[PDB]
Structures are given as C-alpha cells and as structure tokens.
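A single chain, nothing else alongside it, follows as structure tokens in the form solved without the named molecule.
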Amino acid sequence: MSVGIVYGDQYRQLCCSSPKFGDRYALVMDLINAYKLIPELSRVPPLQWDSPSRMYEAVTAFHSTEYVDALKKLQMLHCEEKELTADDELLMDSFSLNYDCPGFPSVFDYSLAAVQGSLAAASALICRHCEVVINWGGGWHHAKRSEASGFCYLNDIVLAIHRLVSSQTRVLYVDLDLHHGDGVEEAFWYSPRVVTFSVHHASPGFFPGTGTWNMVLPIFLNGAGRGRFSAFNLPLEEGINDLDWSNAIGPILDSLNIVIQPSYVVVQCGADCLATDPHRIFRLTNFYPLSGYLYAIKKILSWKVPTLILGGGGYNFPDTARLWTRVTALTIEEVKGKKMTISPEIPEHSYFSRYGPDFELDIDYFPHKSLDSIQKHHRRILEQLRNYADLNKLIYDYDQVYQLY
C-alpha cells in the first residue's frame, strides 16, 4: 500500500550538482510537490554509512577499489582547481573518466548520492516499509565495474539489485530508457536469479552499440554459464509510437513475470524515449486517458510485486518532470487505490516558467503512426524464455505464455 520516494535537502543539492543533468531533479520533485503528491508518499531517506570503510565496502560490492579511488581523486582534483598531471590524465583515461564522463567538483558525492538513494529504496522494499519506492535521482545503468560510461559513474541499479538478491530471491530488471541497459546486463550476465530486460533504440554508431545482433553471421548473446538465456533485449528502429512500443513490450513483460515469478521488480524509467527528448528517436508521450511508459508501469504494478522505479536518461528537463510526475501519480493510484487528479494546467511553483509557453502537463506533441521486426523479436524472445525456463527447471503454462503474444 505504501509508496516511498527518495528525497532530502543534501540529496537534492547533490542530484542537482552535475553539469549534464543540472537542476532536472529539482524540477521533477517540485512538479510532484506542486501537484500535492508528497503527502501520499513516504520519504525514504538516502542511506548513509558508519565510516568510510563501510561506504567503500558497499560500493566495491560491484565497483573496483582502484576505480572508486580514481573517482574520489577526480573530485579532489576538480575541487583544488589543480590542473591534472599527465600521470593523472592517463589514470582517469584508464577508467573512461573523460569525454562524456568528465570530472567536476562534486563528481564522487553526486555519483554516490544515487547509490545512497537506490540502496535505501531497496532496504525499504526488503523490510516491507513500502510496496513501491521511486528514486528519480537514480537509474545510472551504463556504469561498469571499472569504467564510467554515458554520464554514469557508479551503478546505483547494480548495487540496489545486489542488496535485493542478498536479502530463493529472483529480481526482474526492466530498462525502459532509450539506451541499452548494458551495465546492469553485464553485472548479472552469469546469474539466473537476476533476469535483465532492456527495450531500446539500436542502430549503427548509436550508444552503446549492445542489446542487439553482434559480431563475435551476427549472434544475439543472452547471458552465460548459470545465467545463459537470462539477458533479454528488444532493439527497435527509430520513430516508434506509444501503441507500437506498448504492443512490443507488453507480452514480453507479462511472459517474464509469469515464468520468473520475481520477488522484486526494478524498473529504469529513463525519459529519453519521449517524442520531445532532444535525441528525437522514439515518439513516446506522457498522455493518460496512452503513454507507453504509463502502460508499462501500470502492467508491472498490476503484478503486485515489490517494485523499485528509477530515473535515468531524459534531456528535456520539463518533459522529464511531466512524465515522472504522471508515473508517480499512477504509482499512487495503482498501489494505494487512491485516484490522484492532476490538473492539465501546470500549478504555480518555483519552476513554473520552465513549462512555457503552453504550461500544460501533456508534452507538446501530436502522435501519428510509427511491426514485422517486432514479430521476429517476439518469436526469438518467446524461444529464449523457453530455454531460460528449461535451463532453470521452471514450471509454467507454455500455452498461456504463447497466447500473450
């Protein structure tokens, strides 16, 4: 019944301290506040640690000591306004702490804050304080063991899932971001207990290039060892709309829930599939009568499985706030059974000016038409799900699953 959301004063400051995402988190939490949702939500405080040793122990559950050390040293150098020595440039380069993942004065505290948020969110599900927890400061799916990638420095998702599986525990991870959830997929590549499902754009030279047919004829990789068939991917061509994306993923989600019977669901809800994201690749909306995002979240919540909802990508800050406000309101409705009426007019607040010139909740887009490739992927995914079920000796109505598709 209880819906948790991660916020706090320091957390807000840190989530708003990065050059790439600026004040997006402030717009998200202030639009949620403006629509009077905060009293319906349980504040989940970010996790803090008893010592540096305890913080390091927690982060190095996934990340390497040398990577965490390099990330902490990058923050120190950007704070002293020290020019990096040639030696320091090579160190940072070795961890990809450069180009799209640059240093900045708060890079470690900013990155860690996401981990603090998503770990606290996982704990609140484990002790059953909340049935769903939202962290709009998390979702950094690209970060690897020893590599920064796609403005992801620490993988708050991997650390949250590790806490859930450590708490027979199975986790279904659903990645709705425009980009492939490569970092989360890789971390659990060998585990049958964490099934990863990413739906994303893939095309030649599009970041990160995984989650699709790869040269090793190209083959579709899907995990290894005990984790064989446990990594699911739906790559989609540009231009897909709400209905087609919904019809593409809906049967996959329902089939994974039926076969896996997850103890926890973790959803990455990156907003860069919106028609108005500057990426301009997918044509998803935040519309509610239907938004692909809201269709997906409503389906996942209907399973009544303890669920972690995270952010991620989303480069139109006002449209990201607009979508994540509706996801939050939908979450309250579905979990609490309490209808939350949201005025189509953006309420007056701190950031009202940023919603111009229309100042409406619906993103300013008129959907039109975007099927063949989806059917091929459906046959391949249904096949892979059977192989996953067979390998792990899982019992399920094959016909019931076939019928979803």
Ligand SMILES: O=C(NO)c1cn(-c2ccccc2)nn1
Given for the second form:
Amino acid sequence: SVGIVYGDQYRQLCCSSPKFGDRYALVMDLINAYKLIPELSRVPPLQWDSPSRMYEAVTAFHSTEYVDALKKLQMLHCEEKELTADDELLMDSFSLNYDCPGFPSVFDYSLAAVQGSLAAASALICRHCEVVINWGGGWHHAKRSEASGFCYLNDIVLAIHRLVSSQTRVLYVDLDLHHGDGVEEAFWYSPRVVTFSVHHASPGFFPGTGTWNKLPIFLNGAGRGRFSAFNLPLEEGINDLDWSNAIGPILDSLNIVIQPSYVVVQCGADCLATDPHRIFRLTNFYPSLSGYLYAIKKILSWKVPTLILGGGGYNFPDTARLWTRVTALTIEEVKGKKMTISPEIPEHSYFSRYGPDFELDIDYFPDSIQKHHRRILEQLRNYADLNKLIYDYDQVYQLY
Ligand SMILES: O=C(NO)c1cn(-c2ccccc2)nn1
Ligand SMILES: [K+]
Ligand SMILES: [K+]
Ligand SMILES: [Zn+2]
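Could the form deposited with the named molecule bound be given as well, to go with the form solved without the named molecule?
Below is the entire complex, every chain and molecule, led by the chain shown above.
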C-alpha cells in the first residue's frame, strides 16, 4: 500500500512552529478534500517506552548534549523569565538561535518529525507499505550538534540509519531548492548511503555547500565513502523541462549502478516559481510537466521501497498544491489505479486560502549542465570501481 504519516497530536505538533505555521494542516486537509485519504494507509508516529528509549533513538545521530540543550530550550521557553546569559551562551554553542530560535514546543515539534519518519522507515522495512509519505518531515540541514535552517533534528538521517541497519544500500535524492548538507555530511564516510542533491548555489546563498570548493574541485565523500556524495548545482531561473533533463539521466544512472534497497526522497517545495525565494521556476503542472512530478514518477518506476518527505516551502497553499499532486501520483504509480483530480480546489476548511482563483495549478505562466553530466558520470564510475560494483558503462553513458 501507500502509507502516509498523520495523527491528531502529530498535526497539532507539526503546526506549532513560528516559521511553518499551519502549513502541514493545509497539506493534509487538501489531500483529504481531494478524497485521497481512503486510498492511503495511515502510519502512526513512533512513540517510545521511556525517556531513555527516546534518547537512544535520537542520539543514534545527535549528541546527548545537543538533545539536552534542545529539551532545555523548550523548558525555558515555557517560563516567563528571560534566559540567563549562561543559558544564552549554551544555546549559541548549538546554534539554537537566530534562524533556529526557541519557542514553547520546539522540542516536541522537532521530535515529532523524527517520530513520523522513523515510523515511515519501519513500515517500509516490514513491507507493510511499498511507499510512505511524511509531509511533516524532511529537515535536511540539522547536524549532529547544531541546528541549521529551521531544522532542529535530522529526521532524514535517523530514518536512513534505520533503513541501512535493517547488503543494504540507500539512495538519497534531495529535490529541495537548498543543498542537503546535513544528510550529505552524516553519510560522508559511508559508501552504503549514496546522497544526491540538486539545488541552487551561488555566492552568499544558504547553506553555501554542494558546489565547487588550481581549478577548485568538487568534494564527494571521504574514506570508504569517497565518490559517494553527488551534487548538481543549478543557476537561478531554471524551468520544469531543463531541470527535468538535468536530473533525469543522473537519477537513472544512480539507480542502475547502485541498485538501492531503499530510496529516500526529500521533496522540499521551494523550487516552485511562486515560492517567495523566487529562484527556480518549477511548477506542479500535470498535463510543461512539473519537474517534481517527473522526478517522483521516474523514481517510483524503479519499484524500490521509497520514503517521500517534505522540506522547504514557504508558499503554504502552493506547497499543499504540489504535495497533493505528488500524493495522487504516488497512489497512481504504486497501485496502478487512476486518480482523477479536479482542476478546481474542492470546498473544505481552508478553501479561502486558495483565492482568488481557487485552482490546483499554481498561478504561473511559463554547456554548464553538459559539463556537470560528464563530471557526475566519471564520479559514478569511480564510485562503482571503488566499491566493486558491476554495470555496463555504455548503457549508462547512453542515458546522457
Ligand atoms: O528552506 C531552507 N532550506 O531547506 C532554508 C532557508 N533558510 C535560510 C537561512 C538563512 C538565510 C537564507 C535562507 N534556512 N533553511
Ligand atoms: K536539494
Ligand atoms: K555517502
Ligand atoms: Zn529549502
């Protein structure tokens, strides 16, 4: 079946942050308004038997002292008093400041995404679901002991760790506008988790990595993980077709050579033309075919158990518009069952958020890459050689 993570408490927690507001409620209620929920298997978020078990799960990646600080941050923000100078310094040492501030539910909010993505990994491992979707997860920037880009706990890394520890190889595909630095870093030394991020990069643009680092070079992993971290940085303004042609052959080549046991896709919605970032010009169109839907369709065609996660996306109605279509496409491709979606937003609780036109399409009128393809193809060959993987070089070369 196709699973999707939700629950009443889960929804409350995912809607408790100052930055993402009620975005999760709009996403799930649009999916419900299009009558998709009966097609989906609800996957409940993971809960634990004790504080000690919870800490064991989260500190599989994060440090105990970072988790301690994040829990303390929530406790401090549940009291009226200002933080002490010592406590401010403590939070600063974990980057729990500026773009990752405290708020009264910051620990429960961050933990909830972990609970959802770990439950999603488990549903794939026991084969209850072929694909599981978690639109409350996808927080790819968080590091072992550092919050980053309103990511506090890295649910993706923890989900992948549960998958790889279930010859298991995971392919991670990061479609967010931003480089997936936290996930890349976590698996920098691991050949069994191959990471691939497509993103914008330019001087001063967050987080700064995923690009050229004497002709400067692309770093791509270290130790036994050399050549196992893949990146495609793209110039601003790219449209659905050029983004699809840029990543399409890379995705197919990675699947052929790696033969992954699981695929984990981060589907951050900030590449939409209507995102306030206004960097890329992707759409959610489904006849100009949405780059997101193109990539998800291709990944799902491999018939590999797959985890689909959220991420960025600061236009909340248009994020719901895109992820609703991703969800319908996943049902269609997995179950072989057509999903008809009206071009008009159905009546429901959040209908007013989709004005003034109330349509499902977002409101938008639509050399360098060749060199990246040759570089990435050589890195894939180097990865295959280093890791004793066999494949016909010319079936792969033909893809490009
Ligand atoms: O959407 C994102 N990444 O997925 C993001 C964007 N943020 C950002 C932080 C500082 C400056 C500019 C942008 N932090 N995270
Ligand atoms: K990305
Ligand atoms: K890796
Ligand atoms: Zn982003």
